[PDB]
Amino acid sequence: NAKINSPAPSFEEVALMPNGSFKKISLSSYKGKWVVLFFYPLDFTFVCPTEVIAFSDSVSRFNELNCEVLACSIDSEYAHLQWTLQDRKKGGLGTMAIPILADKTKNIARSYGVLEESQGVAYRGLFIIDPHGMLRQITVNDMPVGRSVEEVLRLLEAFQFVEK
Amino acid sequence: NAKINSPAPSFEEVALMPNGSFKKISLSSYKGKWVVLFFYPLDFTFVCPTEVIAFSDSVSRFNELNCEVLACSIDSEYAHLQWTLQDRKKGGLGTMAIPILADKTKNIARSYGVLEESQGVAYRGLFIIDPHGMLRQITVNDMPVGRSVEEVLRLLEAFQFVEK
Amino acid sequence: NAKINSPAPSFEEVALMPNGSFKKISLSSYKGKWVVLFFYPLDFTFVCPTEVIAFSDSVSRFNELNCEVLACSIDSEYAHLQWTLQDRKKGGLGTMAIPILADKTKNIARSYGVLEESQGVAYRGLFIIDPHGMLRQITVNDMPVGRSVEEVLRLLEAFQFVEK
Amino acid sequence: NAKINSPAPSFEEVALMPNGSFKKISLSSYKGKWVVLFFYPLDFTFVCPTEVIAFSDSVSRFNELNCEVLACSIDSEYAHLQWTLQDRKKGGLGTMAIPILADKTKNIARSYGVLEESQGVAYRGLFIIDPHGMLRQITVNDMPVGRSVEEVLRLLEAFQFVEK
Amino acid sequence: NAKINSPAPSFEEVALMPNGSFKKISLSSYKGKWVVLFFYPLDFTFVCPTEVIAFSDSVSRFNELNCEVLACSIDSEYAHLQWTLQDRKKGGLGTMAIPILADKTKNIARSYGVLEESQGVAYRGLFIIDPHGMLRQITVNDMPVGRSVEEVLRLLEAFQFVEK
Amino acid sequence: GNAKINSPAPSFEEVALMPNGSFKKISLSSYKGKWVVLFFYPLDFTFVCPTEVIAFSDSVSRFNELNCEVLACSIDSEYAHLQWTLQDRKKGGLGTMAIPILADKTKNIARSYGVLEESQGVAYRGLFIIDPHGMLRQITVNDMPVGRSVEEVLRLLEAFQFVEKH
Amino acid sequence: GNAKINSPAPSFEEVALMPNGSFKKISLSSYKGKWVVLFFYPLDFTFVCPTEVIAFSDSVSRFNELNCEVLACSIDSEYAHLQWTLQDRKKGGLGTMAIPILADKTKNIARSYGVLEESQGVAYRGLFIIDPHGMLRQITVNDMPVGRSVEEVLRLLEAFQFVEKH
Amino acid sequence: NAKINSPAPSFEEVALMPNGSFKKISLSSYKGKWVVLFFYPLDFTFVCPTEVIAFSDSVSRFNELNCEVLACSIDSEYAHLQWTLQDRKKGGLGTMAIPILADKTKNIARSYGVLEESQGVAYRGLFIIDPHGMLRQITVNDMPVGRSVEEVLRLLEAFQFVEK
Amino acid sequence: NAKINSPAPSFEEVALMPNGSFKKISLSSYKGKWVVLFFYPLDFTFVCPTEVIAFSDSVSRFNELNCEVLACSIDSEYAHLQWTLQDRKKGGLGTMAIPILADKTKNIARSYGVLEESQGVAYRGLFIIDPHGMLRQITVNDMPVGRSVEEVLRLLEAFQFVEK
Amino acid sequence: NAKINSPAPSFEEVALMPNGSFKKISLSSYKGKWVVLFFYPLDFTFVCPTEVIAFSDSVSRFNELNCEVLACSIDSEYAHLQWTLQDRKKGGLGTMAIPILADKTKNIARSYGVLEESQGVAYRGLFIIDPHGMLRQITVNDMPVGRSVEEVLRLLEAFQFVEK
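Chains as they are written, first to last, in this note's numbering: chain A, 1 to 164; chain B, 165 to 328; chain C, 329 to 492; chain D, 493 to 656; chain E, 657 to 820; chain F, 821 to 986; chain G, 987 to 1152; chain H, 1153 to 1316; chain I, 1317 to 1480; chain J, 1481 to 1644.
To be clear, the hints were calculated from the coordinates, so they are not data collected in a lab.
A hint or two may mislead.
[Unchecked claim] What the simulated footprint calls covered on chain C by chain B, stretch by stretch (three residues with Cβ under 8 Å from a Cβ of chain B suffice, anywhere in the stretch; the number is not a length): (1) 458–469; (2) 475–482.
[To be verified] Once the Cα atoms are required to be at most 30 Å apart in a straight line, the calculated DSS-like pairs of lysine-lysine come out as: (3) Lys197/B - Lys254/B; (4) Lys911/F - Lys582/D; (5) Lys1175/H - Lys1258/H; (6) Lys1644/J - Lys1405/I; (7) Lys1570/J - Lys680/E; (8) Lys598/D - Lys523/D; (9) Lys418/C - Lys523/D; (10) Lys167/B - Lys515/D; (11) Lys845/F - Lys351/C; (12) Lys1644/J - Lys745/E; (13) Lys492/C - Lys331/C; (14) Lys1644/J - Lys680/E; (15) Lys845/F - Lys1011/G.
Ideal placement from N, C-alpha and C gives every residue a C-beta, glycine not left out.
Using the sequences and the accompanying hints, generate a full structural model.
Structure (structure tokens):
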């Protein structure tokens, strides 16, 4: 389970890459970089996916801070792909600048302790992981409330300021 | 688990209705009718979903034999809905004449013993259930091979013939 | 128990050979060939044995597809033999072109999960096993309904088409 | 398991009746009479079935002593029937003057502790049971050696002489 | 332990009141109001307690939203009191407009899963609890990075907007 | 009861009254290479005139010329057994014997052969045929009041040996 | 061993050879209201001339006039016991006895009194003094080859009864 | 615990020596000699200590038979000493010709199974041990009844006569 | 075991009364009074008994403060008695003004956690118990160092001052 | 736990040094010296901390007896520091001549068995430890009653006198 100042739970799982391909991604492959790993409940929700899009539209701000961003849900990689092929205007995801993990077994959500067991979907959890793979901050929102790109960046800069 | 001449495993779960709405469906609500419950692995797969469509195109042939047909997968109801909104020509599902269960918790697949745990997806299992809710026949295919609408009908007629 | 894409349960047991002799047969001796292993409840049933005969009459069609066929029941090898010595017109089996396993311990039925424990007899289960010894499809019928030689051949071609 | 001066293990099972019909028979239905229950391994064995026949040819001798005799094996009732329809001269059983239990589940053999677990067949066990349902004597032979009708009668008379 | 959409872990503990008195406070006494419960590591840290002060300076903004705010640490109520008697200029806490729980047994921190067991102090955890006592959002920061009053208010308004 | 057909007959090494009147330790394995008829009886000095035990003793040679040794057993001490043999046959005693009699003082032999009546502390009239390989080949158990047949055991022996030959 | 000083002596109900020659069930509790000397010995018909058991039988009245009953016990059957009494005293037998002899066929009595030699299946020369209330009051246990003293047991009895009085 | 023909329970403990000194004494130091080890309840009991004295007055009789005698109780060595300094006429012990063990831990009494647990004192137990350290006879008296020096000597001579 | 502000461990045990008689004394019989219960190792020690005597010589000072004093050791009541009959000049105890418990089972020492298990004797433990039977202070000395009557009185007054 | 004549429970913990710095201190670092380790409940209590001050004012008296003195409580090192910065006249601690352990995890209190679990604070326990690290005396007071510097010195001198 996920704990501050302990190594963030490991995973190696299929993800939809920004280019549209499927690829296995391990957490340890990010060693040497900061990582913002964030979960969302379901693809194709009647929610306007503004939240997932917001993070994708902002990758480079995180990148300038040596931070990679990674999305995740219990949906398949095909579901992910289909959502990106769908129009943003029509409620789709459109192009993504970040990978989206396909947590098909729900185990990543489980290890990060964000799985709603009765629904089989993940809460809006977000985790900041340092270059050493250490879990440094936990944010978990109930389904109906989104996270803030600004806030995560606030936190990132703060953490990096302390390291300097 | 699913055993011949034992009551078929119970379930009550959200499904995508033929009209496009979401609805809770219980197995017991079919008491008095035959049921063909069949699983498939994933929505939006790169296999043209001929198999699921074949069963939908043939409901009537089951229906006049006092048999209801029910599809199921580990995908969400929103995923299901999205697939039906997708054009059949374009590898989508198009309109569906049968309900599709959203086994988001994988428990239905588990109880029917068709779940591939490592994958998180169900095998191509099909189950014939009588008006008394008794499991009467088991078919399970490996992912790459489809089932036969003709065969299931053969079996149905055979079973009903034995009742007279 | 038996599972798709797991090695099919092992066995080494006495069988009635097509020539009329008794012989020990192991599953692994079929490595390199496809196998259709199928169970039936009892020898000498008041149910005419059209089903078992149908598979025997069709061996070559299976053989041409690099597939061996194997029958099985809880009856002794002597019971098997006696049934083949009985005239086909008289409700007997006649000369068989396939071996018939004598599952006297009922353990083969048990491992394939087709044993009706209260009766001590096997359900009409049929299993397709690949040249690697991997279980590839499961069919189980309630006692009163037979299987289809055509259907098994349909699946066999389908499976081989996927490899080629 | 079966113990001297304890109630003989209960059973209710299908048997081939002397007239050729199938019938459920319980041990307790013999209360008030002595019973010689005896097991044999298999129907249709290559060795002339003189032993089973010997007991059938002698029923009236047992009946004279208020004793009923009951045969048993792991074979089905249909196997039993078929053996009696077979000519005695030809290695068959001919019509029998005693019922033959069809211990399909093997449980009767198990409870009397005569089941060879590796073979799935019963040893040549014979049990004398009194009118009170109490087990009074145990005889168990290895497969290749038969029992003696004279001896069982010796024992019967001895037991009845003591109760006199 | 603390879970989204489950009742927030109960507590009744001594707290330093804004007026300077000690008082037992239970979580359930806030039923009917929103609660922001937030932990901090230690009193008298060489950190300028800007964070704890920031929340105190902002109580009325939370109050206008029907939300009460509650601070907590493993320090005694006397330690709390002493810190408030200390000058803000000298690194003290000065006057507080919010109560500060004295989690002397560390059990509140434990139940909210924010206790650093090796240090015996709590991480910078913050929890939003609804009028029904249900846990609605989790924020946990590593020691050196503070939380944002603005962000918590963002979240509060969002939650209340959904309820309307 | 450990006593199972086609399994090695339960082992034992115990004091026995020898035909000559001496006490001697006897193990089952010492009979390897010979058939053995091991038979139990309830008690020495019983009010049942001991014809059964005597019958087997009077017939040893018949067993012996079948390459079969015969061995009696009961829960009584070796001294009890000896006393019984010193007692006159006419007078309800045993007389001198042609077979050894095991003194199953711990009752464990009877236990391992599953013939011990636990409430009484005595053995049922159990008889066991053991082959030259030490394998248990046939089980006979009688309730107390009914005896076994020397003829029958010989019938069985010949039958078993006939199967070995052909 | 359940046998503890100032605890109720271990219960039993078992067949015994009565002084008159009959078999009878005897329970410990049937002696309530009397002192009891219960004593064990290893085996009937031993090559030890049975002076010890005889000594206690020859002295019953001495125990009796102390309101004390005496009871012998061994793992031998009641038939063994009877046979021994039918045997002539001169000839190494027991002769007719003035005390009952328990037939501890299941060995449980010896077990509960903690005097059973498990490897031999026989009891040590244990002797137990039990009061009218059924309470165990003294324990004597001898190795096989050494006998007990009738005088000593009487010494003990008088001592115990003297303490009751004054 | 102590058993006939098993090695007598070991001990090494302080004892009051006949000369008035304290000394550690082990059971094994008597190997090669017979030992009469005997327990008594308490020092300074209101009843004239004739029993302990009787054994002391008779040591040479035991010594003649290559037998050493050893007294024991739960009292301290100082208690023992004090009792011997007390005048025999006055209810005291006087100087003893045998050692008296000070079983302060109660463990010797425990291992010889003579400890009255509720009182914390030992029963009047006496044990005869051979030159090989084997326990050869057990005598245990209830508190109010003494043992006999004559009897123990009777036993000793008997045992030695047998080994002769 | 014994704990501050928990009821002091119960006991009912024989004690040597100041008048020279034996009497059962329970802790609860002191309810309504303060109690100083103190242990010492052994009677008749080569260590002059100044400590035990000091407390006896001072009873009244304790009594005036509504406090009873109680001595205890693992020695028998007869040992106690004998020590008091011994002349104080001669290393004896003399007439005592306090009762002395005879903890023959060592259980009182055990429950107060002052038993030296290897020696079977108690450490120089002293316990102050209030009128409610609550344990209020613990003093435990290693064998060679005595306690102070003054100190115990200092504590007693202090405790009573806090109630008044 | 803390037992007389057993090694005193080990610890290594942060302490406030007399100079005002924080430093890790282990018990074993005192090997070769006597140690008076004493606990108190809480910093900033409304009791004028005369007791802790009394020991600090007297270090020298311990020091010349080759004895180091060590204070301890469950409060943080920062709490300790703050209390020493507070004016003695104002109920503060003022300058301290002894180190004060910060038992933030309450484990030292636990191992010395002085912790009041419900409170989360330690009782007024004091422990004398010899140069060999052996626990030699235990004093435990209920919260409202203080210990005596004189008494501890009495004990120290007594212990050292026994060593010569």
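Take a quick look at whether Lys197/B and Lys254/B sit within 30 Å of each other, Cα to Cα. Outside the cut-off at roughly 35 Å; violated.
Within 30 Å, alpha carbon to alpha carbon, are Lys418/C and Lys523/D? violated, 41 Å
Does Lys351/C sit within 30 Å of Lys845/F, going by the straight-line distance between their CA atoms? violated, 48 Å
Holds or violated: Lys845/F with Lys1011/G, Cα cutoff 30 Å? Not OK: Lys845/F and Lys1011/G at ~35 Å, beyond 30 Å, violated.
Does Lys1405/I lie within 30 Å of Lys1644/J when you go C-alpha to C-alpha? Given pair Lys1644/J, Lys1405/I holds - Cα atoms ~26 Å apart, limit 30 Å.
Mind checking the alpha carbons of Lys1570/J and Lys680/E for me, to see if they're no more than 30 Å apart? Satisfied, since the Cα-Cα distance of roughly 27 Å is no more than 30 Å.
Under the criterion that the straight-line Cα-Cα distance not exceed 30 Å, is the pair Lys167/B, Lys515/D satisfied? Given that 30 Å is the threshold and the Cα spacing comes to 28 Å, the pair holds.
Straight-line alpha-carbon gap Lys1644/J to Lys745/E, limit 30 Å: violated, 58 Å
30 Å Cα cutoff - pair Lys1644/J, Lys680/E: violated, 56 Å
Holds or violated: are the alpha carbons of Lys492/C and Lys331/C at most 30 Å from each other? holds, 24 Å
Tell me whether the statement that chain B covers the stretch 458–469 of chain C is true, taking a Cβ distance below 8 Å and needing three residues at minimum. The restraint on the stretch 458–469 of chain C holds, since 6 of its residues have a Cβ under 8 Å from chain B and three suffice.
Does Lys523/D sit within 30 Å of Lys598/D, going by the straight-line distance between their CA atoms? Roughly 23 Å between the alpha carbons, so the hint for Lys598/D and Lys523/D holds.
Consistency note: the structure conflicts with the earlier hints numbered 3, 4, 9, 11, 12, 14 and 15.
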